[PDB]
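One chain comes next, on its own, written out as structure tokens in the form solved without the ligand.
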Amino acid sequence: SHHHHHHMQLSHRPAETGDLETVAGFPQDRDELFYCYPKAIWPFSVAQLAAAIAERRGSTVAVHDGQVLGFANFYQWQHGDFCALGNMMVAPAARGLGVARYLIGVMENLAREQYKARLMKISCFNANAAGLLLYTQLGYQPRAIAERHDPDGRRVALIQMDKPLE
């Protein structure tokens, strides 16, 4: 019966080749792809994703109920100093459910433990309100704004944020 009472655990691991196709399916439009991978060209592809992974560090997936739901890496890393989070991507069926929050916490721990980072940097494009609000909730503070140019040659504002790791 619908009216009887009677009838978000996440894990993580390094990204693997088999995860590529799934992750590359996460950006749903040119805007989404630009926010998470500004040098990528639409349509996104596994080869573009793999090129990013090869050039970056710490590529990690978040898994729930047997599905890869999130992905992130570092695009800058400086031992004893900071890491900068990149390619933060969430499956479209799992938006707003705590997957990015979870994976950011995992990446903060990785930065602390592996890189002895004192600071995490995250930069977010101005149009991505969801991102700005999430990072704010997680204790990131805005430090600067930089002018960047989108694939149409339009001028956007990159909000550069950071958080101490402890």
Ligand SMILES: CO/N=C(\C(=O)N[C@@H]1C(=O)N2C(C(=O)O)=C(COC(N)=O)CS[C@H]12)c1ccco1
Given for the second form:
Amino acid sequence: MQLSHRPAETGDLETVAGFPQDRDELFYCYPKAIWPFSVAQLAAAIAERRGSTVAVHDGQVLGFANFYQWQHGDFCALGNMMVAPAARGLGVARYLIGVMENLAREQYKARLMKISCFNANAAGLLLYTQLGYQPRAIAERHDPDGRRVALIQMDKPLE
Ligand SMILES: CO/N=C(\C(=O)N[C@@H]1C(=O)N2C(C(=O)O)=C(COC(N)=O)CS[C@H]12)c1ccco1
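Same protein, the form solved in complex with the ligand this time rather than the form solved without the ligand?
So here's everything in the complex, that chain up top.
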């Protein structure tokens, strides 16, 4: 793919907010959100986070991610990882994760990137593993139906 990236803009909101296809996908990428997803919920996330970035191919916004934790000189934690349904498995997430790693190193002087992935998200767990992330801990969380899920906390040194 001929991918580029830039900071997320207002005009991208409607597109990105269309990416989660069901409650599970929304929970996996934004567990505080309530289905149905909306532009206002995405904009609120952006306002309270850092680094919101889109990946673009052939004029189309295909990916989005941000940081929900950032500690200068230490680490960032990547979240809100969303990819357009027509572009899944084509390398958009891996591209964007690489972009966000550079942004963490360069702008936050981070030595580590943290990613948390829910247990049900096999594709996520396998991709982050391919990208050199290692599992560090498992935490209990609850899904929207009040059922227990396992949040797998992974990390990777930067550089
Ligand atoms: C306050 O912490 N509560 C969390 C909690 O760990 N949220 C954290 C938070 O924000 N994350 C995000 C996020 O919103 O970007 C994700 C999404 O990750 C990816 N890979 O896209 C995983 S979870 C973590 C939680 C989860 C369920 C109930 O509570």
